[PDB]
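Undergrad: With chain A's structure known, arrange chains B and C with the ligands on it following the hints.
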Amino acid sequence: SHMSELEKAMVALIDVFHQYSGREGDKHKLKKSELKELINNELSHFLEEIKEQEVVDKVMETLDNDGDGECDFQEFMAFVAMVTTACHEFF
Amino acid sequence: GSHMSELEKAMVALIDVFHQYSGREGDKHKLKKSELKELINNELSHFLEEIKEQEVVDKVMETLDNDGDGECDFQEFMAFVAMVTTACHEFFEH
Amino acid sequence: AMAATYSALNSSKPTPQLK
Ligand SMILES: [Ca+2]
Ligand SMILES: [Ca+2]
Ligand SMILES: [Ca+2]
Ligand SMILES: [Ca+2]
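Residue numbers (this note's numbering), protein chains in the order written: chain A, 1 to 91; chain B, 1 to 94; chain C, 1 to 19.
Any given hint could turn out to be false.
For each label pair, taking beta carbons as the anchor points, the in silico distance ranges come out as [to be verified]:
{"no.": "1", "chain 1": "B", "residue 1": "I51", "chain 2": "C", "residue 2": "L18", "range": "17 to 27 Å"}
{"no.": "2", "chain 1": "A", "residue 1": "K27", "chain 2": "B", "residue 2": "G23", "range": "39 to 49 Å"}
{"no.": "3", "chain 1": "B", "residue 1": "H46", "chain 2": "A", "residue 2": "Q53", "range": "33 to 43 Å"}
Quick caveat, the hints were computed from the structure, so don't treat them as lab data. From the three backbone atoms N, C-alpha and C, an ideal C-beta is built for every residue, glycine too.
Bound-form chain A, shown alone:
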């Protein structure tokens, strides 16, 4: 009876989203601006650094399923799923 690693993992996903989504514009979604920094600051060991706007256009395009030009939490969890799956195969 004390919160698991798994349960603290899920919470951390929520925290990192809000850490970056709260910055500009809609505080509950990630615009391309916020997505880039998140990836570059928090995924600098799993994903190649983004310095091209072309890259950020394409990542958001694949991530954005509701077509609002931003990444909400639901769309972000899919992203985490994609990245995590990839990391598993090389482990």
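TA: Here is chains B and C with the ligands on its own, set in the frame of chain A:
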């Protein structure tokens, strides 16, 4: 930064908990109903209600299984984790 | 190390999500 981020160690933890339970019985890379039950009850004891009915675990595996082989591989497990986490988000801003 | 949109796009079709 150069240190493993909280996000990146979270991802690792998802991987670790999966192998922690899938490696127990039978196929070490998949979760049989046996192994799924232990994972949920020991590691998700604050988000989901305890499972004590076999009927419950039967219905859940059916819903999780999209490739239709009756077990949960890592890919299917990430969908489950995604699903559970989203629900917890919704129940923090409502 | 390391992945890319190469590998990222490579696992967008193997599974959508039965959300
Ligand atoms: Ca925002
Ligand atoms: Ca969106
Ligand atoms: Ca197993
Ligand atoms: Ca399966």
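Undergrad: Indicate, hint by hint, whether the structure satisfies it.
TA: Now the hints, each set against the structure:
The given range of 17 to 27 Å is respected by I51 of chain B and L18 of chain C, whose C-beta atoms sit roughly 20 Å from each other. A hinted range of 39 to 49 Å for the beta carbons of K27 of chain A and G23 of chain B is consistent with their spacing of about 41 Å. A hinted range of 33 to 43 Å holds for the C-beta pair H46 of chain B and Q53 of chain A, which are about 42 Å apart.
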